[PDB]
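Presented below, as structure tokens, is a lone chain in the form deposited in one PDB entry.
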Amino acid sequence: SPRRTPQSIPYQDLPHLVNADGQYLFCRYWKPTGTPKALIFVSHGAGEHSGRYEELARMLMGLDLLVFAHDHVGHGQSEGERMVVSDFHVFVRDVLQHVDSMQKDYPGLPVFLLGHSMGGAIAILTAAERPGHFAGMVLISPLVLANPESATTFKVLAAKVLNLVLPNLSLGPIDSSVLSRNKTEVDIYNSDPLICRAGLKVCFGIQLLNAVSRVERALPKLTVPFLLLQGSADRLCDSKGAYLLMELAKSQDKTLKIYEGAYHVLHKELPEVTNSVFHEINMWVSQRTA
């Protein structure tokens, strides 16, 4: 029985890679028509998947960059129990494998990282493990701070307790309306069968917290250049973390753009925001490439 995606598609019929844990990961690529000037890995957030970055990737591809990605373990078309991971570092390790693989085929090319939410945390931790290895990082409402509301020192304590007693315990529920102010995208979001909307599991929320702790420790050694995109009304990733990221990161090349009133999914928000986001990412990456 050939290995198949959680949606029953055989892996031999799709682009993929096998991780250190022997798990198949669904891969995605956007190769420019000619010799690429640089490489860029896209890191998606929790529950979502790599296919959600189709248009963003097509814009980057139009700049002559070889865009690539894969669905994190337990996500999209990749193997593994939905939204669960032995340890958060697995996400980083897998990213490095994919990056290391792509760099071998395209030697001497600069490598950028693009991450959103949990994807942002992964990106930060990826560069933090390889100082001076990446050319730049594009962060869209990255996970850097614990929800001052959804995760207080008390709720974290309780979650840790649940982890010992009811680890497999699934939580919830999160209103998809806090993702974007664009109703179309909210519907689109609820219609995606590759997305996961089954509420954060206990053991996974712990990992998410591990991620934030790790990111905070990493910041004093983060030197990679970055573009930080954040919305003021982000109820998932508080803008407080964005300002803290700008302050605590040691990077010499760091930019912050705030979108007043915007929500979480900046790249899938109101046309006026999405347009600026796409544009800003374009200008930023363009200047850092040649």
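Think of the rigid core as the biggest set of C-alphas that the two forms share within 1.5 Å after superposition. Residue numbers count along the first chain shown, from 1. Compared with the form deposited in another entry:
Fit the rigid core and compare the CA positions between these two forms: of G199, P148, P131, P220, just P148 moves by 2 angstroms or more.
Comparing the forms between these two forms on their rigid core, the Cα displacement of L157 reaches 2 Å or more.
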Contents of the next structure:
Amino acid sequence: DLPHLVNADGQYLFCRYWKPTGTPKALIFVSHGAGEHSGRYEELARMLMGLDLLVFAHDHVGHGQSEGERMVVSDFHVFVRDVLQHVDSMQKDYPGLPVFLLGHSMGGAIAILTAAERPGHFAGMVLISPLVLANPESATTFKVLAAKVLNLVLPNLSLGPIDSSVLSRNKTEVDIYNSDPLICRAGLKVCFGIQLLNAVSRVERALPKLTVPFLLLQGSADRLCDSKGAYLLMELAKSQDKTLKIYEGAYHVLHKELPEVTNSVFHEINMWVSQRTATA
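Mind giving me the form deposited in another entry, seeing as the form deposited in one PDB entry was just shown?
Lone chain follows.
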């Protein structure tokens, strides 16, 4: 019924496309964060489509309108494999077009790992508060063994839900988040918590070989992805073209923050992609 793709595990992934009227100048894959879905990138995608980019996305397995037990994954690499499947199909239909990646939170870790798996393949990456660092209190050998032990008996045990007020200072956007039926607001399950720790460990190992151009957007008051991880990404990535923008006092969901922040975010992505699309 709906636009979709069938992944290597035989699971249906819901697909979304924002095709410009004329010939596309470039392709851009949108990778959403944990618990959310591709429908939340409607405004960003419309802005990008207005630059003559063909925007495409899928809801990651266990998210939005895609199949899978909610916010569970056999191995974090499944997300990367599925992005590469979708990118490869699009590129076959649009040969020679440059391909960009845009990712938020966990979607940002997926984008990093996707570009690290295919060096020199992506024209650029836009990262909005990417998941790159674990809280040191949750990554100790003791806490990892405790989580692994707990995983054996109660893999679906919830770590408790977050206070949705840490997502954005924009109260209306918090209320939109809280009433979207496609968002999973249930607490992080132990088994998925371990997969996010695998994602952070894999990101850290990938940075010395990451050469893709990137734009990194980060809020200074983000309680989910600490701003210190954005500074470490700027320092450790080997990319020759890297830009960081810090939004003072902003929370996690920068593209759904206070209008002053959101307008700047859209403008900065517009300018950065536009400058690297003319280059093609």
